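*Asks:* Add chains C and B to chain A, keeping to what the hints say.
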Amino acid sequence: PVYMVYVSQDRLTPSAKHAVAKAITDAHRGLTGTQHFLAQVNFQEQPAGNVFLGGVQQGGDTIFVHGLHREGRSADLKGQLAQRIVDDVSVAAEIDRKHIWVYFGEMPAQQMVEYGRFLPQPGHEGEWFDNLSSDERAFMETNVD
Amino acid sequence: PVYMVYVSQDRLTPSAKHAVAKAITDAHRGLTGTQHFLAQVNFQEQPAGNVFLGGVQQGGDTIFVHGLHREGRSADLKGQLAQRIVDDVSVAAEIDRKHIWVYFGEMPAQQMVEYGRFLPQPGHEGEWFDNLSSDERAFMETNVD
Amino acid sequence: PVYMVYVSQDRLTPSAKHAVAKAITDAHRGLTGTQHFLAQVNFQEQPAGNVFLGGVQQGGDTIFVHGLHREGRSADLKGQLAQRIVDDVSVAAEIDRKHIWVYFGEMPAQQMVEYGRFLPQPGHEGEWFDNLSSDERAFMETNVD
Numbered sequence: 001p002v003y004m005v006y007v008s009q010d011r012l013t014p015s016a017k018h019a020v021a022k023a024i025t026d027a028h029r030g031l032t033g034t035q036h037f038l039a040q041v042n043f044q045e046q047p048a049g050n051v052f053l054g055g056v057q058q059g060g061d062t063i064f065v066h067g068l069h070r071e072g073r074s075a076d077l078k079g080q081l082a083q084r085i086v087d088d089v090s091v092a093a094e095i096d097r098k099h100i101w102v103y104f105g106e107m108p109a110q111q112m113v114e115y116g117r118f119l120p121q122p123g124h125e126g127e128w129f130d131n132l133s134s135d136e137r138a139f140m141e142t143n144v145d
Numbered sequence: 001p002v003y004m005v006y007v008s009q010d011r012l013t014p015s016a017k018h019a020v021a022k023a024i025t026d027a028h029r030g031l032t033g034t035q036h037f038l039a040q041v042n043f044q045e046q047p048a049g050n051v052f053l054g055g056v057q058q059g060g061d062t063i064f065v066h067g068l069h070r071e072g073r074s075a076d077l078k079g080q081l082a083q084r085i086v087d088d089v090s091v092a093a094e095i096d097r098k099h100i101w102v103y104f105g106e107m108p109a110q111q112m113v114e115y116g117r118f119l120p121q122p123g124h125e126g127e128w129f130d131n132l133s134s135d136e137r138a139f140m141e142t143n144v145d
Numbered sequence: 001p002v003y004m005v006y007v008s009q010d011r012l013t014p015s016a017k018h019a020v021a022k023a024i025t026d027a028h029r030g031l032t033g034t035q036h037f038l039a040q041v042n043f044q045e046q047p048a049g050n051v052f053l054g055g056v057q058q059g060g061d062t063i064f065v066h067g068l069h070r071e072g073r074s075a076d077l078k079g080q081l082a083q084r085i086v087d088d089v090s091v092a093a094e095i096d097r098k099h100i101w102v103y104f105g106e107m108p109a110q111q112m113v114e115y116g117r118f119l120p121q122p123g124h125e126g127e128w129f130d131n132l133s134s135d136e137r138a139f140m141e142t143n144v145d
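Chains A, C and B, in that order, are what the protein sequence lines are. Following the deposited numbering, the numbering of the first sequence begins with 1 at its first residue and continues without gaps. Following the deposited numbering, the numbering of the second sequence begins with 1 at its first residue and continues without gaps. Following the deposited numbering, the numbering of the third sequence begins with 1 at its first residue and continues without gaps.
Only chain A is shown next, with the shape it has when bound in the complex:
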């Protein structure tokens, strides 16, 4: 997956970012089985005041998570995952849950590429990982916390 995480500049220190990104990553791994290194968290910071709700300018406590996933998972599991992202980002960023917005979009695995390679259907990430070159396997596996 790619999780784009929209936040205000300086609301999250680098350690708070590490905390948020590891909580989203753990959630995704623990609920889907997808290996840690296939999950990107991509922080998009903007000056405070660029977020409006009902037309009202917000301080720096708004978080929007846009998760981009392969098709194939159940509504039940995606609900559980969205809920766990809300809870665990609330703890990790010390931000009340009421500030957190989370949207999941889905695409055919055949039109998504990570590390320059096409993804597989969910649940066949193991033999997909095994199919590819030793250099790629090594580069991927360094990307696990």
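These are computed hints drawn from the structure, not numbers from a lab. You may find that some hints are simply not true.
[Claimed, not checked] Here are some chain A residues the structure puts well away from chain B; computed CB gaps all over 12 Å:
# : residue
1 : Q58
2 : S74
3 : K78
4 : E94
5 : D96
6 : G123
[As the list claims (entries may be wrong)] Under the rule of at most 20 Å between Cα atoms (straight-line distance), these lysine to any residue pairs were calculated in the SDA-like manner:
#  : chain 1 : residue 1 : chain 2 : residue 2
7  : B       : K98       : A       : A109
8  : A       : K22       : A       : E45
9  : C       : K98       : B       : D135
10 : B       : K98       : A       : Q57
11 : C       : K78       : B       : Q121
12 : A       : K98       : C       : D145
13 : B       : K98       : A       : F118
14 : A       : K98       : C       : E125
15 : A       : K78       : C       : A109
16 : A       : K98       : C       : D130
17 : A       : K98       : C       : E127
18 : C       : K22       : A       : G59
19 : B       : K98       : A       : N131
20 : A       : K98       : C       : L132
21 : C       : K22       : C       : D10
22 : A       : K98       : C       : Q110
23 : A       : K98       : C       : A109
24 : C       : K22       : A       : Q57
25 : A       : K98       : C       : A138
26 : B       : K98       : A       : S134
27 : C       : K98       : B       : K98
28 : C       : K98       : C       : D88
29 : C       : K22       : A       : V56
30 : A       : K98       : C       : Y115
31 : C       : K22       : C       : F43
32 : A       : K98       : C       : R137
[Unchecked claim] Derived list of chain C stretches under chain A, where covered just means 3 residues or more per stretch with a C-beta under 8 Å from a C-beta of chain A:
#  : region
33 : 90-102
34 : 139-145
Virtual Cβ for every residue (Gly too), placed ideally from N, Cα, C.
*Replies:* Below, chains C and B without anything else, positioned relative to chain A:
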């Protein structure tokens, strides 16, 4: 909804941003009936020069709106809403319609969370809001212009 | 289309940005027939360290391309397009392919607007372009590289 609004840095003063957010939020409410405070406008600023059309670097005028909605509305209503965002953002930002691009993407409501809660189906914002607790009812009410 | 390109600050100079935008636009035109001026490449730069892979903070070399397209193309064509984007951005940005992520999302053409006008169905771009006003055509034609 979340309306991601990509603009060049300093193209919109604080007052212009407020006006543009208001045009989008009032368009969404007026055509869908969804409450104002459920509409987010999230401005994403980047230096002029980061937008390319047909390979040609642009100045600071382009505006891209990526509206992210719940599934369930007709093509006709989405067309009316996109055209209204075009017209009203053209007015609010004193910008020619030819500079404005609008894309709507849709997601199951069961995988969309606002204010830490799962959204209802479109049109059921009323009972949804009537099952919300008093504090989150009030917090939501503070986000109306 | 709109190609949202997420890169670290300064990883692409203005000239490298122009090259990448050209690689993507040429690939889209070559494989779909869609005229150059209908392809937007929108660079989103963030400070290095905002990308995490498997929870591990990254340097400045990751590139994520989020391409937003009209529905209607084959899985085969979209695979060819995405692969060519990996390859040609690899060359233009002088970057290892294993740094390049590419996701394609699709929307009904009836909810996509470019230059203030609703897009046609894929493969009807010539006819659509002919039926625009001459001021709109002329503005679009200025965007060809």
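*Asks:* So, against the hints stated earlier in the document, which numbers end up violated here?
*Replies:* Structure breaks hints 10, 27, 33.
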